[PDB]
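Here's a solo chain for you in structure tokens, the form deposited in one PDB entry.
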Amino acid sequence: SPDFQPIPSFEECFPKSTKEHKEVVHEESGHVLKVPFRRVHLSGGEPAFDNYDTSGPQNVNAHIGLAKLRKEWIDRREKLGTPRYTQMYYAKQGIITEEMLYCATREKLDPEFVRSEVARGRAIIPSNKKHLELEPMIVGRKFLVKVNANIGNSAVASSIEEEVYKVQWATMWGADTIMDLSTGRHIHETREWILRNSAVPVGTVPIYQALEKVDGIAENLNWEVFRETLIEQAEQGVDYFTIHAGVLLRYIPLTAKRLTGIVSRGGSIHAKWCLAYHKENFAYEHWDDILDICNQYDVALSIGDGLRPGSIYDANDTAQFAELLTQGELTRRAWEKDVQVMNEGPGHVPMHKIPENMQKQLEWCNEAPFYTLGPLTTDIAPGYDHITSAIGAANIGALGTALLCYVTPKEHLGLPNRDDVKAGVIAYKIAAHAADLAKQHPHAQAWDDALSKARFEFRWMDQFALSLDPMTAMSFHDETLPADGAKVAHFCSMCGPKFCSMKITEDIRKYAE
């Protein structure tokens, strides 16, 4: 029994907000779905503003875990009987599942549209039938751009208590998925506590634990070890697996002249094994067997980019695109077995090289959802790689990337702590939303408009309440003007009362009456 400690409350993080749920009925089953959202309560006759909410159920004892909200859905489908358990299988049969309706409601889009996007491979709903605690969400270019937060220990740092805190904290600030990338002690146990306490999808990179199972000797990996690890993780409820099946033996020499070589953790492990034996990647060789596992649980496959560029110098090189071509082949093969797929992308990429990345992925991978690590647009600022990569992530998101893997201020430096997790999630929520606006995604600008209206009207508390991080905005304002009266003042300390342009506009318009 770990010594779990609670994260700050929803109310402390989001003053004037309440957690709400929209109730809808899944017509085929009669199941009632409670789809979460938040409501920001405003002043001055403004209607309350409703926003997305990933924070999940609050104040739940981590020793007990979250309610198993999906239980009746899974039980009913098992009793009906089915050859495959994936959302893509159901979508292709013409079935709108509870998960699809839940996502449609959450996205304010039609359930049939969700079904269509899943059936055609252009969106995924990562939702292992063993992750009963999950509040379903959808990843795809036609939907809100989503953010992943990476957490997990290393052999050098952290603990079970701290990782559970970090999952709850990441989702509080807007993480849409998390991955447990633990490479230290207690891998299985850490992940069990996380899954039972995570309302968002949980991904892993199974080769990390496989390498642990063989005591860090990559040469002792093989398909059988890996297969056992896949089953173990699937049984716990992992919703998606990153698998570097595109790191082919013949692609490894393409990296010999790179400045930063192979920077992918899983990719480097596969490359070492391949070179040791001069054999083809065992995950590639056994792709069909991996698909058979995924079909029984609905584990989505996130096809890794083990040959992603780790420096600006290496961006968009032959190695990177050789792997992308193979990811497309693997994607099409997975779809033949109705397995949900997304593709992992770069990396360190300068801005002028970003469009080529999207163009090639959309074509070669038949519009499967893309999932990028940034990209970082420059190598010059370790300590600020949440900013160097927010630029790339926003750009590639605007071009169609569906899931943005965050990058924290600790990238290239060390394991992120709870503060770094928050900073990364905030930076990535900015990038994702900026991308939603650039895509003219329906109703995305309503958020900006509500905050800007509060800004123009000097409804300061409303402005703070509507923001991504209300207490930061409020505290920053109060550093110079802390008095209650200033929360209704028609200026702040930047310009002062006589130089505030919005107050001058106010008088300008008043005189125009």
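Residue numbers count along the first chain shown, from 1. Between two forms, the rigid core is defined as the largest C-alpha subset superposing within 1.5 Å. Only residues modelled in both forms are compared. What changes on going to the form deposited in another entry:
- Measuring CA movement between the two forms with the rigid core aligned, the set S159, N316, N222, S311 has one residue at 2 Å or more: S159.
- Once the two forms are aligned on their core, only one segment of at least three consecutive shared residues with Cα displacements of 2 Å or more between the two forms appears, at 154 to 163.
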Second form
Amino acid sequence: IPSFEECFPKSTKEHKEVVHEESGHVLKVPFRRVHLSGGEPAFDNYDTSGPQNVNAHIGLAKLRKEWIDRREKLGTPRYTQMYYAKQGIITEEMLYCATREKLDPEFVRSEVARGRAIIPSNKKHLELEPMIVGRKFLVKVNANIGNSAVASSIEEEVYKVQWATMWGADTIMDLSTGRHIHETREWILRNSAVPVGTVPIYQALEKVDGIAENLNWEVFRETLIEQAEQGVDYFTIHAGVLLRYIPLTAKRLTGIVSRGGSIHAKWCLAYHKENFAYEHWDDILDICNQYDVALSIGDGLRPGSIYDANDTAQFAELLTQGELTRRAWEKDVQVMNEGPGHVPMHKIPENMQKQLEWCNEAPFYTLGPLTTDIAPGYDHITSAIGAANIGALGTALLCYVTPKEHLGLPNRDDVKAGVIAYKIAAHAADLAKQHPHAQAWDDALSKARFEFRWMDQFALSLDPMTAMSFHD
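Okay, that is the form deposited in one PDB entry; can I get the form deposited in another entry now?
The text that comes after this line covers the one chain and nothing more.
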């Protein structure tokens, strides 16, 4: 197991201290400082790796405790960052994100209030170092964790999060299934400095012993509350998989590939009844605004092959995603929308155009997209092309794809390969959008390259030990 120091030679973990004016709380916003030679100034980069060498049985420091306690004592009807933003309040979370992004706190407040950025930050996830997702900010990367072929210990489970974030993952989704979902998710949350998302229909399905037909709103509702209480920061909910959209998939090549979308479709077809998450959307909003769980409105009809890209079914769901987004905003619930999928490069622009218009610029969250189907074993590359392109056009969060996509479960090498490919795509998108100061990273490395400061070049890279070993 490599340490932070072994993964990033010449780097130190640092914190920028700022004071939240309104409360007097002192925030310590993390960054990584790369120490350089030859009189070059040290280079400061973003850091999601979190506190190091913390005993998993104890869990991370509850850094947000005093923030949450103060807001509870003041009293408030809703607990979401959007609610606070619309009241004109700059929270600790907003100031923390502003500092982390090197932007103005008012700008962060504005973006959150208008629904164009979200800060996934359940009040029960006290261990979280706040981060922001939105087109006006750095492009972010999500990594998924789940069941290992063999049951994991607590150290092994937590290491999945520590490993993905070491390489740059900005959020995690815990997609675990099986008999120990609650317990392992507790281990993850108490030991995660990054936001943690889930797809709650997975656990609800397990509560009814794998029988989709026995799902209903009530067991879904109970599952949502259970997960919110633990601290889950966002829920993927496929509320746009409407009964009347299911037949639109009949002429597809790969059908419905989304697991959550498949579950909802099966239930809807069994009873010829409308999607129960859609029907109970308002009730879901009531849950979310007591905790601040952000809603990641799923795309259950995402295309699973190039043939199916941008079809009638996909865009029918996108339209409903927009409706659900505006409805959530009425109750001050933070929203992002999930997107494709497999999409060839010439069809990527249409995806962004329609999402920006139909969903009122809510942040977009894509899986890739994969730009070709021909290379299983290399879908981190086929999708990095798509992710970089759709990111350049405004996509705010990129769900990673590993070389094992379509084939099997990812090992640690696979996870690292996936995160690195996605950090490349995300930064290439930052450059393409001319995001402030993004090119400074490239310039520092290229300067080291020109001047034969090899150690500096390696230290500045996304994966220093690979560069160093390849050179040696």
